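Visitor: Throw the hints in and build the complete structure from the sequences for me.
Here are the chains, one letter per residue:
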Amino acid sequence: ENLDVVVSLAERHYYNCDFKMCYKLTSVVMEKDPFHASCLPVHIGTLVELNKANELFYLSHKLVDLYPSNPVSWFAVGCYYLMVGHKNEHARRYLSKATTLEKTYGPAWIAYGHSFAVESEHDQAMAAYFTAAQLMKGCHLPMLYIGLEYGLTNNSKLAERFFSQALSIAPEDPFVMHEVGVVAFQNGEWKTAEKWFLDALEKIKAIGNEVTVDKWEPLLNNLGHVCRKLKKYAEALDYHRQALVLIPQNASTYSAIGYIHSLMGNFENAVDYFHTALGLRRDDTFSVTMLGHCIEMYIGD
Amino acid sequence: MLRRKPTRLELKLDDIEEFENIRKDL
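Protein chains in written order, with UniProt numbering: chain A, 229 to 529; chain B, 1 to 26.
Treat each hint with caution, since some may be false.
[As the list claims (entries may be wrong)] Here chain B is said to cover these stretches of chain A; the calculated rule only asks that three of the stretch's residues, wherever they fall, bring their Cβ under 8 Å from a Cβ of chain B:
id	stretch
1	341-353
2	398-411
3	440-446
It should be emphasised that the hints constitute simulated quantities derived from the structure, not laboratory data. Even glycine gets a Cβ: it sits at the ideal position worked out from N, Cα and C.
Guide: Next comes the structure, spelled out in structure tokens:
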């Protein structure tokens, strides 16, 4: 009947990104104590990662019916409006309703910042992550996100600090490696972008293999950008093809593929991809300006 | 414990340089 030992192992499959397992570890604990304060924050995250929009919908809104005192309940419903939305304005409103009900409730500070971090409000997301890193010490996530937010803002030297701190905790985290190559890429260091993206893929692929592709696809899109940038056009195309199998209605991947062709000199075939990308995203600032180069040249045979 | 979708790369306009350098050269 002693179950706090579970919430350690289930917490380990969440940091090492083995979600399928962690979830069946928590539903065990959860089958006992649903209002488990230290386990709930975990089983809530795993639904989100797995895309249990269904479970999380029922759960999140229940906790609020019969437990409007525990901050976990607005962390829940907030995490709900974050994975789906786009009631973004709501999320921040619920998650702040948990901080101002127990400011020492770290989990709501990480979800809070994630709400600024998606709307681009870097100053304010940042501040939230630095409050979470105080409330959730030893946890590497808050540090993975301040590092990234630094990278986005040209703090490549402070970005490198928190990436390596987060790596010396959960070194086997594919989302850690990911945002590191992601930042390298922005620095113009395409070469070392290729190596971090590949590494995050072998660990996502063969290792923690289970088709974590849910709520996900990027990685492959990203790799395709690297190889184009590395003039590896031939290897580039390949990665976008697979990003489409994963998300067969993505317009950005169609613009990325048509742009490679135009770098390759295949205009007839490129403009073909530049059409079937405005068919999806009409406001394609880049597909549109490029399509203009392609025709000025058609007027000239 | 909560994560935000792996940052996805998107095309900037500055990226059109690659195509610029392709003919300017060739």
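Visitor: Can you confirm whether chain B covers the stretch 341-353 of chain A, using C-beta to C-beta distances below 8 Å and requiring at least three such residues?
Guide: Per the Cβ count (3), the hint holds.
Visitor: Taking a Cβ-Cβ distance under 8 Å as contact, does the stretch 398-411 of chain A have three or more residues in contact with chain B?
Guide: As far as the stretch 398-411 of chain A goes, the hint holds, because 4 residues have Cβ atoms under 8 Å from chain B.
Visitor: Against chain B, does the stretch 440-446 of chain A show at least 3 residues with beta-carbon separation below 8 Å?
Guide: Since three or more residues must qualify, the claim that chain B covers the stretch 440-446 of chain A holds, with 4 doing so at under 8 Å.
In this structure, none of the earlier numbered hints is contradicted; all agree with it.
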